[PDB]
Amino acid sequence: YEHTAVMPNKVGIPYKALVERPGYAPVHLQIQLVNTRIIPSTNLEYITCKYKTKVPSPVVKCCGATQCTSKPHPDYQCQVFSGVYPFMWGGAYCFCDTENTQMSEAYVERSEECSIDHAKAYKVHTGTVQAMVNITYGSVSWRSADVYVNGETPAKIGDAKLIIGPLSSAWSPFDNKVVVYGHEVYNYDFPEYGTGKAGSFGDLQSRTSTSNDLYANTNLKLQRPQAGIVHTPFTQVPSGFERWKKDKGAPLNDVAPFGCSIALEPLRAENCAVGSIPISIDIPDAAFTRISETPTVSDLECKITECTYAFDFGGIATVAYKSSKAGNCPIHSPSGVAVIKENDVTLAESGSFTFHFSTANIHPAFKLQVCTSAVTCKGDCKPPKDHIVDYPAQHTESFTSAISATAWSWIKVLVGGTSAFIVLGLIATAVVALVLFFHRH
Amino acid sequence: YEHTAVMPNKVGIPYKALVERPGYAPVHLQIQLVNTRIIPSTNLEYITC
Ligand SMILES: *[C@@H]1O[C@H](CO)[C@@H](O)[C@H](O)[C@H]1NC(C)=O
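Chains E and M, in that order, give the protein sequences. Quick note: the first sequence uses PDB author numbering, first residue 1, plus one each step. Quick note: the second sequence uses PDB author numbering, first residue 1, plus one each step.
Careful, some of the hints might be misleading.
Unchecked claim - Straight-line alpha carbon distances no greater than 25 Å define the calculated BS3-like cross-link-like pairs of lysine-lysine that follow:
#1 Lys16/M - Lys385/E
#2 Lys382/E - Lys10/M
#3 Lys303/E - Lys367/E
#4 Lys325/E - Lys303/E
#5 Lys303/E - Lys246/E
#6 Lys120/E - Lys248/E
To be verified - Beta-carbon label-pair distances, calculated as ranges:
#7 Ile13/M - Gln30/E: 47 to 57 Å
#8 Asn43/E - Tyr1/M: 50 to 60 Å
#9 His356/E - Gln30/M: 26 to 36 Å
#10 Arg21/M - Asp344/E: 23 to 33 Å
#11 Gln32/M - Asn328/E: 45 to 55 Å
#12 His3/M - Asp344/E: 15 to 25 Å
#13 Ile422/E - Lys16/M: 55 to 65 Å
If you are wondering where the hints come from, they were derived from the structure by calculation, not from laboratory data. All C-beta atoms in this analysis are idealised placements derived from N, C-alpha and C, irrespective of residue type, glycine included.
Please construct the entire structure, taking both the sequences and the accompanying hints into account.
Next up, the structure:
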């Protein structure tokens, strides 16, 4: 039997309801969200890492001029320094005093550590939203099955079909361009491929971790060898990857609104408390029981014992429940001003049962629907003493939950005072007009 | 669970209270003063005999 509703996107707060079917006793439904994953569709653009300036062995020609030949290599530099008299352990490397040439070449590669640490540049557009859901209904225990939040995909949770309806808000913590480094995610407007400056980020960009293009812009200049020494000096801008690592401000794991937790197989934003989720469950007909086989509850009288609008279940009430037959039967408080802790109560022929509830109102005035009949509960509630707690609120405020009787009466006396004064003035104006009209006429 | 109060300085008269904690049954509290000593800091000036 279908049951449509709308529930908040909060994780851990169970949505409770009473599925009422004409002719059958209600069944208590409890749908809770274990987690909700916004899983975007990524497209890798490139990979950034530290560079390695490969410096091959210089070519020393003794009495010749050998010349550069451009090779297809990232940031390849070849220079032909002339007038080199190399000295080495044997001593006198080349004969000709001045007509000696050294060809030094250098080119940038991926560092060996690029396969372990690297930044993946990603373009994110939009993705599936998935969530794990816990449902209970009647005597059926928890089922805890994973669903797709699109509003069209049934999910067979036990023997119930849940069509979890799309998120009201299309908000996603990621912008178009992100950078993934290790377990951190950054909302970085990375340079496009082949644009990276010399030392900021993307100075070394590779499409994949095993690519061969390896665009690299490092400003590598070969320098003249020192007199005597056969070495290949060069000057280069320090890696922009490390500059990024020690200037990168704050990941999205910390910045993220709504308490999104960013995970990185596959790249997702978890437990984000934004908007509402339509739901449509189809409880099987075997769960329902005929209304004739269920207790009928009369003479309901509810008294609120000590209550306080704490985030936890800070309210206790007792209901006297003189009944017809004995057995288990559900309770639910539809108003949304109080959240009932317990799902069922076991009833004897007569007596009383106690239930806990959570609320934000100073005066919680809520209807508790037991079994079939309903009872109205009202009372007074005290402030919680604890300032900061480690658990989220189990209820919702409603912008009237704090007004309280005294402030209600005060604002009433104020509004009524102003209204009465103005209406007294207007009736006075009418009375003068009428008396003057009677004066002449 | 904290409970603040003010009690008389009488010795032997028990101060009684009901410590009430929201959500929990009240607890009876009985604080009694066996004795109260005002102990000044003395410094010997001299001795006479
Ligand atoms: C909800 O399902 C989870 C598994 O996702 C399970 O561990 C838990 O027991 C269920 N809820 C309750 C109240 O048992």
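Here is what the structure says about each hint:
1. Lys16/M - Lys385/E: With a Cα-Cα distance of about 22 Å, the restraint between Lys16/M and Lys385/E holds, given a limit of 25 Å.
2. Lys382/E - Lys10/M: violated (34 Å)
3. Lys303/E - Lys367/E: Satisfied, since the Cα-Cα distance of roughly 12 Å is no more than 25 Å.
4. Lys325/E - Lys303/E: OK: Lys325/E and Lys303/E at ~23 Å, within 25 Å.
5. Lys303/E - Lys246/E: Judged against 25 Å, a Cα distance of about 62 Å means the pair is violated.
6. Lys120/E - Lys248/E: holds (15 Å)
7. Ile13/M - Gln30/E: 47 to 57 Å: Holds, since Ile13/M and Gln30/E (Cβ atoms, about 55 Å apart) stay within the stated range.
8. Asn43/E - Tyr1/M: 50 to 60 Å: holds (57 Å)
9. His356/E - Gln30/M: 26 to 36 Å: For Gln30/M against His356/E, whose Cβ atoms are near 31 Å apart, the range 26 to 36 Å holds.
10. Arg21/M - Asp344/E: 23 to 33 Å: At roughly 28 Å between Cβ atoms, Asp344/E and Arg21/M fall inside 23 to 33 Å, so the hint holds.
11. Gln32/M - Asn328/E: 45 to 55 Å: holds (50 Å)
12. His3/M - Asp344/E: 15 to 25 Å: The hinted range 15 to 25 Å is violated for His3/M and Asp344/E, with Cβ atoms some 37 Å apart.
13. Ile422/E - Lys16/M: 55 to 65 Å: Taking Cβ atoms as reference, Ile422/E and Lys16/M lie about 57 Å apart, which means the hint holds.
Violated hints, in rising order: 2, 5 and 12; the structure is consistent with all others.
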